[PDB]
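Below you will find one chain, with nothing else, as structure tokens; this is the form solved without N-[(3-chlorophenyl)methyl]acetamide (8U4), and questions on how it binds or moves follow later.
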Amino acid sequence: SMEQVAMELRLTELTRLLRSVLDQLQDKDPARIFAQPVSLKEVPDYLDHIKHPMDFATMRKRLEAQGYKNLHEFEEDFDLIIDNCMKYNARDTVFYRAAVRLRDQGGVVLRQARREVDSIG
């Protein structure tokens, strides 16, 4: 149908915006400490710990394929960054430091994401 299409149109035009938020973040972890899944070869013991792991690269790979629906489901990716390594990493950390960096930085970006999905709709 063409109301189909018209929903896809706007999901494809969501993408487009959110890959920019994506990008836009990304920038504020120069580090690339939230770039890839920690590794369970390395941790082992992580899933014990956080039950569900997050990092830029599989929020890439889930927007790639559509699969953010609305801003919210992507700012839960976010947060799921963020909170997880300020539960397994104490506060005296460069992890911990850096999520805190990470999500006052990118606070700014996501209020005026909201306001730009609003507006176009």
Second form
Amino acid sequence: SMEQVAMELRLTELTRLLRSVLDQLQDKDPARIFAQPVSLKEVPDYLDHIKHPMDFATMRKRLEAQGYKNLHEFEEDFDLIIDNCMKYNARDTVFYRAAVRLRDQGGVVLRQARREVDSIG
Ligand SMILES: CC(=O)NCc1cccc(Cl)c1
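Given the form solved without N-[(3-chlorophenyl)methyl]acetamide (8U4), state the structure of the form deposited with N-[(3-chlorophenyl)methyl]acetamide (8U4) bound.
Full complex below, order starting with the chain above.
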């Protein structure tokens, strides 16, 4: 149907916007602490602690498969990256501190992204 095509065009445009957002958020992780899944070889007990692991590479896979239907779903995954890290790692670690900085700097990006998704529809 034409409606389905129209829908798919919207999803494609959302994906385009979210790809820009993801690039901007990952730029706020210059240490690449969140670039890849936490290694279950280097941290064999990780899944005993964290029930829903997330990282930028995994988000990017879902993104390019057009797997985010709305901004909320994308934000859920971004928040997992930060929240998982702030539980597994103590306050006095470069890991926890990187998550705080990513959350703080990311807020600006996500604030405008929400306005853009709304405005453009
Ligand atoms: C994102 C995150 O939580 N990283 C913690 C961590 C993973 C692997 C090795 C060390 Cl030393 C630390």
